[PDB]
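Using the sequences provided together with the hints, build the complete structure.
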Amino acid sequence: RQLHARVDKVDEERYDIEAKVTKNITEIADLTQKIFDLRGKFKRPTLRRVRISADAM
Amino acid sequence: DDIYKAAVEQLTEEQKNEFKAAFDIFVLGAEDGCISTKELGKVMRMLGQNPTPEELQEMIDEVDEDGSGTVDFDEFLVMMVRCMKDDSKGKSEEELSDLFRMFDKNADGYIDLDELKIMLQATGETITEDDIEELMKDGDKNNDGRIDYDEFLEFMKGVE
Amino acid sequence: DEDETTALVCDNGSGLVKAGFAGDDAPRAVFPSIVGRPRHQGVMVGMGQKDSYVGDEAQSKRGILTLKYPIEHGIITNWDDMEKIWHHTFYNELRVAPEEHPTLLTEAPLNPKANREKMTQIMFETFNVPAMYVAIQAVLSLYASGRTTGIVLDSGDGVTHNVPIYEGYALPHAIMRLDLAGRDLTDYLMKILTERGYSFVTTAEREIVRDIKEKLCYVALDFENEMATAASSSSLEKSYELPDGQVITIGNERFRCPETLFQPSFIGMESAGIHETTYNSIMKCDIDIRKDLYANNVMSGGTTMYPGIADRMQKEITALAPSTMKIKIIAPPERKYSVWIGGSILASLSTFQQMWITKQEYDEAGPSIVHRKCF
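Residue numbers (PDB author numbering), protein chains in the order written: chain b, 98 to 154; chain c, 2 to 161; chain I, 1 to 375.
Quick caveat, the hints were computed from the structure, so don't treat them as lab data.
Dumping the calculated BS3-like pairs for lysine-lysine here, alpha-carbon to alpha-carbon at most 25 Å: (1) b:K138 / c:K142; (2) c:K142 / b:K140; (3) I:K326 / I:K315; (4) b:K120 / c:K106; (5) b:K131 / I:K61; (6) b:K117 / I:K359; (7) b:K120 / I:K84; (8) I:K61 / b:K138; (9) c:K6 / c:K142.
For each label pair, taking beta carbons as the anchor points, the in silico distance ranges come out as: (10) I:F375 / b:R98: 41 to 49 Å; (11) c:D139 / b:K117: 34 to 42 Å; (12) b:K117 / I:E2: 15 to 23 Å; (13) b:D108 / I:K359: 19 to 27 Å; (14) I:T77 / b:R148: 52 to 60 Å; (15) c:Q122 / b:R148: 42 to 50 Å; (16) c:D87 / I:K359: 51 to 59 Å; (17) c:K17 / b:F139: 27 to 35 Å.
The following residues of chain c were derived to be distant from chain b, with all beta-carbon distances above 12 Å: (18) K21; (19) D25; (20) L29; (21) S69; (22) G70; (23) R83.
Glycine included, C-beta positions come from ideal geometry on N, C-alpha and C.
Here it is, written out as structure tokens:
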């Protein structure tokens, strides 16, 4: 029964570390999302194939 | 020649064989290096690129560092591994992420030259200020005097 | 990041929120109590741009935002926006998790009950703080000022509370509370400057006027003589630079606004003014209390940084006070930053460890526990 209480509380605790790393991952997602914004400001203008049909004809 | 390590290690052999397949136009066959640096533009294009001719002449001067006018395998394969990083890609950013936050065991938001030199001397490698400085401003392309996370990734990227 | 589970202290007013940890000397960061929202249609795509902005984000991007304050006259009316302000306060700038720290919040003694109850619920339910306490602004000011006895005249952005305290105890029958505050002085300054050809009616304009007030306005020691000169000569005008390069000068309006604290009728308020209410807080206390409160007029809160205010408050009450007796004002460079400072002191006292509400008692009682445990 000590084990039953242990598994109750430790199930709780592993679910809790679950939610904690879940918040870590959610904030990785959101902060890295605003960081996608930050670095996109810098890198999007070149995601393009340019100066191909300029001369070939 | 040491940069050839980044030229061939991160790349593969059959990548060089496909280079040969795309290159066999100027060398029509049974020849040993008749290639010139003018049509370097052509030979890079047939590799599937969207480049500018200023970078053609740049690579032409980014090669001929020996003054030859013809291109060597190490620095060419490297300028690819420097631009066309069609390598074994060198790393993962979970591996590199743990690398950062272990170097930056402090998670400063940046591996300063502090943890940089820490691990460079933990290497056993004799590491001077120029060593940490080259490594930093290769990471810290921002030249803020400290390698940040992605600075450290790009820094340790394409590395053995 | 701390080596102890030190309480977090957040002095959340109707102006700015000052926050840091208990045991320190100063807040780590200060934030406008603001949540901002765009009043325009986006045209470019992939521009980022938030649905809502918080604190300093809301102020920095204010050019196209309407800015709302969740706290009015000392009370939270919008707790969803306070959850955002606290999230920002704790995780973005202090970079702490209240889940591992007790949190101390502040309010006036007659602040309507919903304020302390909702503050308690937000910290226990959205931040899951291990403990809470809602503290009295006068108490916090008295600790910061080194006193147990005196009148705390707290004339800040929200309300003027004005509560007499003797030997650390409330004398509640003598609280000369007044619905006159720094926010009304700001509104008055927007209107009086409009009369000078510089209209201030939008959010951006309101934030500018508050900045003008803080840097250019004063109350002086003698209003009538100050106006006799200010109304007659440009020598008392002072300029201010607006963000777009406009320059505004203010003459007698520079003090006529602030003067509303002594003459509330200027904005249509029925009141004797802050100095008469200070006087009555002393007078309404027992005769063997009065002598100690006269010797200890404690100044705190906002507006305390107007030139001439400490000198004037002592003059105005000593003029109403009886002769022979000495009447004195306490107005340290810690004025207005006294509530936060007191929070740090109070949170850290060993005797205060019996005052904190834990996240135990909270679950059995709910947020209403604040009315059983704090004050």
